[PDB]
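Got chain B; can you put chain A with the ligands on it based on the hints?
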Amino acid sequence: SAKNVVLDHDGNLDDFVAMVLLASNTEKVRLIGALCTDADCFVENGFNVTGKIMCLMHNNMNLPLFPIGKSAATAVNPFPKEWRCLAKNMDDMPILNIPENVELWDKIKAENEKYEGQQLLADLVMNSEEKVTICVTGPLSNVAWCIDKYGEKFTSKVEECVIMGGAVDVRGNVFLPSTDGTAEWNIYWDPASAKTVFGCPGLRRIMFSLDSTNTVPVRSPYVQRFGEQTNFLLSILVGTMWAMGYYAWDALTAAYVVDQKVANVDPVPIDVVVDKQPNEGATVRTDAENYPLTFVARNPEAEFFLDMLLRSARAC
Amino acid sequence: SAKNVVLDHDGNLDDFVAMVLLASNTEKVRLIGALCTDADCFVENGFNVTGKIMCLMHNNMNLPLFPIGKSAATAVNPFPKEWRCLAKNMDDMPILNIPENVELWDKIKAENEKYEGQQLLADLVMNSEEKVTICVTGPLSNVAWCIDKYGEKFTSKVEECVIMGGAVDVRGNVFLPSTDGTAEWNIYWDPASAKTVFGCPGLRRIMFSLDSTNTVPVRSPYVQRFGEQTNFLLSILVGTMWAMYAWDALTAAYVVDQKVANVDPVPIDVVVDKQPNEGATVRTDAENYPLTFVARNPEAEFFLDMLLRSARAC
Ligand SMILES: O=c1[nH]cnc2c([C@@H]3N[C@H](CO)[C@@H](O)[C@H]3O)c[nH]c12
Ligand SMILES: O=c1[nH]cnc2c([C@@H]3N[C@H](CO)[C@@H](O)[C@H]3O)c[nH]c12
Ligand SMILES: [Ca+2]
Ligand SMILES: [Ca+2]
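Sequence lines, in order, name chains B and A. Residues 0, 2 to 244, 256 to 327 (the deposited numbering) are what the first sequence spells out, left to right. Residues 0, 2 to 244, 258 to 327 (the deposited numbering) are what the second sequence spells out, left to right.
Extracted from the complex, chain B is given alone in its bound form:
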């Protein structure tokens, strides 16, 4: 009884760990598509790594193929050049370049190159028989576009939108000379889109803000445990990615989609600062009457998540 999930990511290392988490848990998740945004990555690399990962999994665990599209979304405020992916680095990793897998990817690559990521998101949600859960690990530009373009026809088909983004009762992570450090990168990348998303009535939202993700730092000892599973392709993959502060922001978010025990949620009316102020991009509690609620993750089960990841990485 797996639910349909679409992954809307921006190709960084944790976006790919999130992908593995979602794809590996076939009992709970049926991954029907993914789109990559040119934010915290260079979209072509992110697109290719997504396909290489999908093909490796298809040939080793019977994971069904799914469409992958590149989003045309553009930044309001660009991610730092440095961080913009080791996705280029991941594209040359040996584990993602096994002939049988690379050959299959090259066979279906052309048709996926044809999709427009944003439309792909809209179509997968609207045309699916059952409702779709959207896992957003990059900026909210794509979900916002779908809301602006299809409205209720889109939102009514969304089971829930599980979002990695924001900072509610803690500091953010955007520290530039012109910012005060209260905003988080995914929101800051496109504040207006984030606002559209958080204020959309009739869209159920689960939000993994830094309040919860801060409890899961990526530490060496834990990362080295993937060394106990080198006979599993997914452990070489996940371990290598994490081997390269840093938190499992996107991974925690995806873990929740797999099993809601990862964390409890509490309703909070969320607005986003779009003006060019030092706190531009901040997700704040609004007093507006009848403002829609967003379910913010709290007290995530850290141990549970970490063990879930290590276990999922033994899928194949």
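To be clear, the hints were calculated from the coordinates, so they are not data collected in a lab. You may find that some hints are simply not true.
[As the list claims (entries may be wrong)] Computed from the model, here is a short list of chain A residues facing chain B with C-beta under 7 Å: (1) 92; (2) 93; (3) 218; (4) 220; (5) 224; (6) 239.
[As the list claims (entries may be wrong)] Straight-line C-alpha distance at most 25 Å; calculated BS3-like pairs for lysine-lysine: (7) B:88 <-> A:81; (8) B:81 <-> A:81; (9) A:88 <-> A:114.
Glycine included, C-beta positions come from ideal geometry on N, C-alpha and C.
Same frame as chain B, now just chain A with the ligands:
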């Protein structure tokens, strides 16, 4: 018969690929030891990666263990912190943390933690029955130290010093506000030590300067070829390191097989003052100045195939 070789490195990615090359070619190289310098890495991480690589190999093919020492050499001009952390990353790679191998490392770690890199180098060379080839892939502080402390007693025991460093007819790679870009990093890190080494009489030196290493850039299509060999631990290791020029690897390849390149005798001096061209390796006309055999036109394809083949040792 294999020749005795000691790897004197500073823990960056190519340092480790060089180590794999030397270690995998048991027919040509008998790797009797290694030392790690806190230069292009943080020594502790460099130390641990060296050990993990050695134990990974020892547990999967015939390769005797050898002593690994931490050098106490300190920089004159440090590498940008950015590159130094790469050893930390490799230290957490899954292929280097397989339990049986880590346990082996944990088991022999005590014996190795007590060595002083510079002294271990002096000892391995001088106590060897045959002469020893030194493969230097980091700064020349350690060889200089041995020369400074033992002179002829040390050099007379060196078959040859194969060095990755300098730039002769091409531009360097040290681009900083205070420099003019004619210098190469390994030399720049410690110019004085380099001067002692390159001006040392009775020391045969083979030098892989940027002039030759520039002709072997690390390319994606080639790096992806390791994906054809995932059944080999060494291919997972090498491909992973190059995915995230082959300076040091070319230098070690030469040690395995000198067919990697022809060499030309050039009298090489080093600029030591704190000027913009500090650390540059410059040709000198001084009478009776010692010669250094500078590598030229390295066999690129031969080198790329040797590495691919070597990565299939296990
Ligand atoms: O230092 C960093 N390197 C790479 N990505 C991120 C991010 C990205 N932004 C989100 C967390 O702020 C999350 O989706 C992650 O992929 C924040 N900081 C870094
Ligand atoms: O951009 C870089 N990343 C990592 N290492 C180096 C080096 C180091 N210095 C030597 C080549 O200049 C070589 O031993 C290598 O380990 C130069 N540039 C870089
Ligand atoms: Ca992300
Ligand atoms: Ca080096």
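Hinted contact residue 92 of chain A with chain B - closest CB pair below 7 Å: holds (4 Å)
Distance restraint between residue 88 of chain B and residue 81 of chain A, which requires alpha-carbon spacing of 25 Å or less: Holds, at about 21 Å.
Pairwise hint evaluation, residue 81 of chain A against residue 81 of chain B, where the allowed Cα distance is 25 Å at most: Holds - the C-alpha atoms of residue 81 of chain A and residue 81 of chain B are around 18 Å apart, at most 25 Å.
Residue hint residue 218 of chain A, partner chain B, criterion CB-CB below 7 Å: Because about 10 Å separates residue 218 of chain A from the closest Cβ in chain B, which is outside the 7 Å limit, the hint is violated.
Proposed interface contact between residue 224 of chain A and chain B, which counts if any beta carbon pair is under 7 Å: holds (5 Å)
Interface hint outcome for residue 239 of chain A [beta carbon to chain B under 7 Å]: holds (4 Å)
Interface restraint verdict for residue 93 of chain A against chain B (beta-carbon cut-off 7 Å): holds (5 Å)
Agreement of residue 88 of chain A and residue 114 of chain A with the hint, judged by alpha carbon distance not exceeding 25 Å: Roughly 21 Å between the alpha carbons, so the hint for residue 88 of chain A and residue 114 of chain A holds.
Hint validity - residue 220 of chain A Cβ closer than 7 Å to any chain B Cβ: Since chain B brings a Cβ to about 5 Å from residue 220 of chain A, closer than 7 Å, the hint holds.
Violation of the numbered hints given earlier is confined to hint 3; every other hint is satisfied by the structure.
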